[PDB]
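Chemist: With these hints in hand, go ahead and build the complete structure from the sequences.
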Amino acid sequence: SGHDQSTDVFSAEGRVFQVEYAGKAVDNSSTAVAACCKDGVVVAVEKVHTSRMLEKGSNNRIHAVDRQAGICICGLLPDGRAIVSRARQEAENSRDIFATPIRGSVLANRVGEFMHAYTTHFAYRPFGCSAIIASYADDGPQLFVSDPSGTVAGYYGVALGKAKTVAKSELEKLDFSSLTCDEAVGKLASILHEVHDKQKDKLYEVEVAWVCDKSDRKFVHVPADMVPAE
Amino acid sequence: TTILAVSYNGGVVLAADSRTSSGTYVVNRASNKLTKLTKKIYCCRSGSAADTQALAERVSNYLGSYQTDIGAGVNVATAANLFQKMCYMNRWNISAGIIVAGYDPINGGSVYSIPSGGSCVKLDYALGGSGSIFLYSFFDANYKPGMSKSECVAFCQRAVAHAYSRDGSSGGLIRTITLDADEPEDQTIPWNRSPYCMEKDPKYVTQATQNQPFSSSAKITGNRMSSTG
Numbered sequence: 006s007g008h009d010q011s012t013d014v015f016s017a018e019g020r021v022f023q024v025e026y027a028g029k030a031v032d033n034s035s036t037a038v039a040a041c042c043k044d045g046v047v048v049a050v051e052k053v054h055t056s057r058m059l060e061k062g063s064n065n066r067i068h069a070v071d072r073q074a075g076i077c078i079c080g081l082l083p084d085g086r087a088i089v090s091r092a093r094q095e096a097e098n099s100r101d102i103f104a105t106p107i108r109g110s111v112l113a114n115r116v117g118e119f120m121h122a123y124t125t126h127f128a129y130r131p132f133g134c135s136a137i138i139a140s141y142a143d144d145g146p147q148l149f150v151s152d153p154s155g156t157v158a159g160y161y162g163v164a165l166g167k168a169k170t171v172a173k174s175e176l177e178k179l180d181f182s183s184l185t186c187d188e189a190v191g192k193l194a195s196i197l198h199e200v201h202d203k204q205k206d207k208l209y210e211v212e213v214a215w216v217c218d219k220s221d222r223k224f225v226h227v228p229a230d231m232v233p234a235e
Numbered sequence: 055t056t057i058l059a060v061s062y063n064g065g066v067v068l069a070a071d072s073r074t075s076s077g078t079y080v081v082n083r084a085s086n087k088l089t090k091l092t093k094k095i096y097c098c099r100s101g102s103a104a105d106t107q108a109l110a111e112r113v114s115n116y117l118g119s120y121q122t123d124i125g126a127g128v129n130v131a132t133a134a135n136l137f138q139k140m141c142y143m144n145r146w147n148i149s150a151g152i153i154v155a156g157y158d159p160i161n162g163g164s165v166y167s168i169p170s171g172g173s174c175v176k177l178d179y180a181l182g183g184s185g186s187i188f189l190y191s192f193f194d195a196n197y198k199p200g201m202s203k204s205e206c207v208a209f210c211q212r213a214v215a216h217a218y219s220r221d222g223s224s225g226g227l228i229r230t231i232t233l234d235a236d237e238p239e240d241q242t243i244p245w246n247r248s249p250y251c252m253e254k255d256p257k258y259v260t261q262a263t264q265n266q267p268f269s270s271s272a273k274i275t276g277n278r279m280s281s282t283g
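So the sequences go chain by chain: G and h.
In terms of the entry's author numbering, the first sequence opens at residue 6 and continues consecutively.
In terms of the entry's author numbering, the second sequence opens at residue 55 and continues consecutively.
It is worth saying that the hints were derived from the structure and are not from the lab.
Fair warning: there could be bad hints in the mix.
Stated by the list, open to error - In silico DSSO-like pairs for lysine-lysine, Cα to Cα no more than 30 Å straight-line:
(1) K43(G) / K273(h)
(2) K29(G) / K203(G)
(3) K273(h) / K223(G)
(4) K173(G) / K203(G)
(5) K219(G) / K257(h)
(6) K169(G) / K223(G)
(7) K207(G) / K52(G)
To be verified - Some chain G residues well away from chain h (every beta-carbon gap over 12 Å; in silico):
(8) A128
(9) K207
(10) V232
Every residue, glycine too, gets a C-beta built ideally from N, C-alpha and C.
Modeler: The following block contains the structure:
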């Protein structure tokens with residue numbers, strides 16, 4: 006009926022169905038994984054290409070928000086770009102008004118508040134993407150996930166996308182206390198390669214980024230010759 | 055301009071900087087602001103150079119004739135009175151701060167201050183010029199009356215150095231003259247041998263941390279002095 010056409014309407018059981026539909030759109034997107042390794046955060050996403058003529062690096066889903074913070078997008082890429090722009094605005098406001106890098110928890114809370122505001126008004130629709138915030142700020146390594154509903158949660162390891170449950174199960178086999186980013190990059194790449202179906206997504210690429218002590222606490226992409234071939 | 059005069063037991067020591075500045079440019083960096091009035095009486099001049107030079111020349115001419123007329127020496131009080139009268143009759147047309155310091159056999163060493171207003175005050179020590187404002191708390195803390203001749207000269211040089219270290223209108227050479235019952239003795243110490251300057255002060259060696267490198271932390275770690283770093 007008309008109980009699921011706009012976000013400003015609660016259902017008879019207290020649900021917002023448009024947000025659930027946006028989350029369903031997120032659940033049909035490419036798989037992403039992330040791990041907090043007690044010395045940094047490593048995020049790895051799979052990019053599915055519908056053409057073999059795409060230039061390398063096309064449709065980047067991992068974007069640096071600050072020097073030490075970055076966001077991976079799982080879902081509608083343009084919505085993720087808007088969220089990344091908002092996060093970059095939040096990060097530079099802290100560096101300009103308060104003369105300090107934005108803490109990972111603070112940035113995650115700002116992203117969640119921004120995403121939640123689009124689930125309360127009839128004139129807007131919720132974002133169709135989940136945001137993975139990887140930061141190495143003065144509060145240590147931080148890994149957060151922001152839901153299209155606007156709720157944020159901190160994780161040691163997290164998986165999102167179509168092949169989410171199997172990737173989460175593979176992540177359950179790690180220790181996350183002795184785990185280091187150097188081996189975590191390979192672990193996440195191997196998990197993404199193993200969990201991906203090779204007969205439906207012919208063109209696939211693994212895009213991995215990280216921010217730990219080895220990059221001077223700067224959120225950058227991996228060196229090209231570090232991820233496994235497959 | 056920094057001028058001062060300090061009395062010790064024997065006589066007086068007059069100290070001054072050497073800098074005539076047209077606002078922000080140094081017209082002269084080897085000025086001589088200790089102007090001879092008689093053999094044992096001198097004046098420190100601050101303010102308008104032409105006005106102070108004319109005042110000193112007129113007073114010296116008046117005093118030289120007075121010695122011949124009376125056939126004896128001149129007290130410091132007479133020169134102080136001459137400057138006080140001449141500066142009070144012209145207080146609206148001239149910009150001059152005068153220190154009259156000297157030795158006479160009757161009253162020993164004397165120091166008189168004649169500010170821009172035209173008054174005359176007999177003091178143990180006197181300060182004048184734009185750089186004098188920096189020295190008052192220096193004298194309240196570090197100056198002890200009753201020093202020896204060499205101690206007084208050293209203290210006057212140190213005070214002048216401290217004064218022009220902070221005053222942009224003062225600087226250059228430090229000129230001192232000692233006037234007492236013996237032969238008056240002058241001294242000119244250069245800036246590179248000055249008793250104090252902030253350039254050689256070890257507590258101003260470390261630069262203020264203003265140019266922060268772009269960092270992922272709020273920890274302050276010094277200035278960025280390299281493109282790579």
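Chemist: So which of those numbered hints doesn't the model satisfy?
Modeler: Number 5 - this is the single hint that the structure violates.
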